[PDB]
Structures are given as structure tokens and as C-alpha cells.
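Asks: Each chain, written out:
There are 2 protein chains.
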Amino acid sequence: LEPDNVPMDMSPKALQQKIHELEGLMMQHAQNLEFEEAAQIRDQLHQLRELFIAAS
Amino acid sequence: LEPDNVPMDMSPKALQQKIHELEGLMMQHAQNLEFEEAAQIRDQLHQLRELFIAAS
Numbered sequence: 618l619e620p621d622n623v624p625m626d627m628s629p630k631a632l633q634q635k636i637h638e639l640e641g642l643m644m645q646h647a648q649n650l651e652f653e654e655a656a657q658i659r660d661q662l663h664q665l666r667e668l669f670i671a672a673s
Numbered sequence: 618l619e620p621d622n623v624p625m626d627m628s629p630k631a632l633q634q635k636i637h638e639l640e641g642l643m644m645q646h647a648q649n650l651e652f653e654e655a656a657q658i659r660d661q662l663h664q665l666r667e668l669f670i671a672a673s
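Keeping their order, the protein sequence lines are chains B and A.
Residue 620 in full-length UniProt numbering sits at position 3 of the first sequence, and the numbers go up by one each step.
Residue 641 in full-length UniProt numbering sits at position 24 of the second sequence, and the numbers go up by one each step.
Where hints are given, some of them may not hold.
[Claimed, not checked] Using C-beta positions, here's what the derived DEER-type ranges look like:
1) A:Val623 with B:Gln657: 44 to 52 Å
2) B:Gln634 with A:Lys630: 18 to 26 Å
3) A:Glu654 with B:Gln645: 13 to 21 Å
4) B:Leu642 with A:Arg666: 57 to 65 Å
5) A:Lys635 with B:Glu654: 21 to 29 Å
6) A:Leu668 with B:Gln645: 26 to 34 Å
7) A:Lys635 with B:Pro629: 45 to 53 Å
[Said to hold, decoys possible] For the chain A half of the interface with chain B, some residues (derived, Cβ under 10 Å), not all of them:
8) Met625
9) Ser628
10) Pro629
11) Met643
12) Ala647
13) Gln648
14) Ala655
15) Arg659
[Stated by the list, open to error] Chain A is nowhere near these chain B residues, computed Cβ spacing over 12 Å in every case:
16) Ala631
17) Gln634
18) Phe669
Read the hints as simulated data drawn from the structure, not as lab findings.
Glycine is no exception: its CB is placed at the ideal position from the N, C-alpha and C atoms.
Based on the sequences and whatever the hints tell you, model everything.
Replies: Structure below.
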């Protein structure tokens, strides 16, 4: 009983794991002047940000 | 007489000076995750490249 409240809920993990993954990707290309297809993550990094709270 | 051939003509200077100026700008924003308006230079850095020969 009360399984979701047995461990913890600091973050959704999956989402938080994806955000830190896409943001760290921009630096790579942006550093190698490959931000063309890389900077696009800016749209997913910003949208996933607000969802951080709506998620957990 | 022969003024354009008195000094030299390694490069157009103005163009070559602008290209190195726009390309060095991308690294700045791209490094501070500001490639949004910065990555746009990619269009001027690539177009000015081919013009490098058509110029001098």
C-alpha cells in the first residue's frame, strides 16, 4: 500500500533525465559549430522545462 | 600606375575581416547557449565563404 509514497518523488527521473540529456547535447554541436540541427534542442529544452513541474 | 598591383592582393581584407568576425561570434553565443540569434550567422558565414574567391 502507498507504493508511490514508499521510495520518494524528488523528480520524474525520466523527464529530468531527458532534459539534462538534450541540454548537454547543445554544448557539443554549439561548440563544434554544429548548432544548426543542435540548437533545435532549444525548443525541446525550453518546453520540457515547464513540464518539469507539471510532471513531478 | 599599376596601383592595385603595387602593394598586394592576398585577400579582400574587408570580406576576410567580416568572415572571421561573424564566425568568431557564433562560438560566443553557442558557448553561452545563445546560438538562437547567433547560429543565424551560419547563413552569412557560409555565403561569405564562397564569395571569398569571387572577391579576391
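Asks: To test your reading of the hints: which numbers does this structure violate?
Replies: Hints 2, 4, 8, 9, 10 are the ones this structure does not satisfy, whereas the remaining hints hold.
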